[PDB]
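Below sits a lone chain in structure tokens, taken as the form solved without this ligand.
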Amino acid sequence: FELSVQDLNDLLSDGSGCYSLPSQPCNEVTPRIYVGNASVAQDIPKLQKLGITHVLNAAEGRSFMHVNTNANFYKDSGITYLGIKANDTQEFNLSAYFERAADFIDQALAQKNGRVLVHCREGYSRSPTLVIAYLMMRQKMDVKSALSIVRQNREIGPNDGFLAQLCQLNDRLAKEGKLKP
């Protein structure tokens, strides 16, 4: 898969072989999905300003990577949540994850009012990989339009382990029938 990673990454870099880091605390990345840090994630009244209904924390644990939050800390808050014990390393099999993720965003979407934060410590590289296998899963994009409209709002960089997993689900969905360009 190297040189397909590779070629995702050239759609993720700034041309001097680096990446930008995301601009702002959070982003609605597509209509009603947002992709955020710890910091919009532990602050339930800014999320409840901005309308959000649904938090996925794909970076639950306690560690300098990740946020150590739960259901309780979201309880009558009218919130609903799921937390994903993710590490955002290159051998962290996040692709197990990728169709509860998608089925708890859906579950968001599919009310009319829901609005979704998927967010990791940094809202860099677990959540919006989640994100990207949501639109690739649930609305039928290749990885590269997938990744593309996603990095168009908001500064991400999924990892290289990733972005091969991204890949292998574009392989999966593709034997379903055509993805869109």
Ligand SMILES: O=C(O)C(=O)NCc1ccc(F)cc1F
Second form
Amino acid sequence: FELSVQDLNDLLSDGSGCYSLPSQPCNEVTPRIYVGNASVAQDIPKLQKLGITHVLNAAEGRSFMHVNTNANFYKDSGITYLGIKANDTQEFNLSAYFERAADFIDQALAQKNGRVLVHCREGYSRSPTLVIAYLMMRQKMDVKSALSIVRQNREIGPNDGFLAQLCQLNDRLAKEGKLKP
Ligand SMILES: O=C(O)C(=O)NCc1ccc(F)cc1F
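Compare with the form solved without this ligand: the form solved in complex with this ligand:
What follows is the entire complex, opening with the chain shown before.
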């Protein structure tokens, strides 16, 4: 999938081939789904104002490359938490979590007042990958349309390994007849 990954890179970059970082801490990328950074995840007052009911930490961990939070952190607010201990590297198999994350997003949106924040450290690689996978798996969007819609609403940049994982997901869903044209 080296070309399909390059094709996805061309959709992320500007036309000069360069990659921009997020211009804001948090964005609603599709209705009731937000992608953001560590600071928004750790600002409970901000979360309550946005009306976030569910937080999916896609970078849970203890290092400087992780966000060191847990369900306890959110007990007082009544926010429902899910953590995934992922690393932002080309070899980390985030695809093993796609079903779990999609189920959690579905759980959040199944309540009419539900709003989910999917976040990582910068809201740039780990978290957008999960949202894109969700859109493909649960809203029948092909990878190009899903990545494009997220990228229109937030500067994102999944690493090439994550992008290769999304391409393999796309091939499987296509063949199973689960993608809209
Ligand atoms: O998966 C993530 O958390 C993620 O967003 N990684 C990108 C990133 C992390 C740290 C940094 F200083 C600059 C970055 F662009």
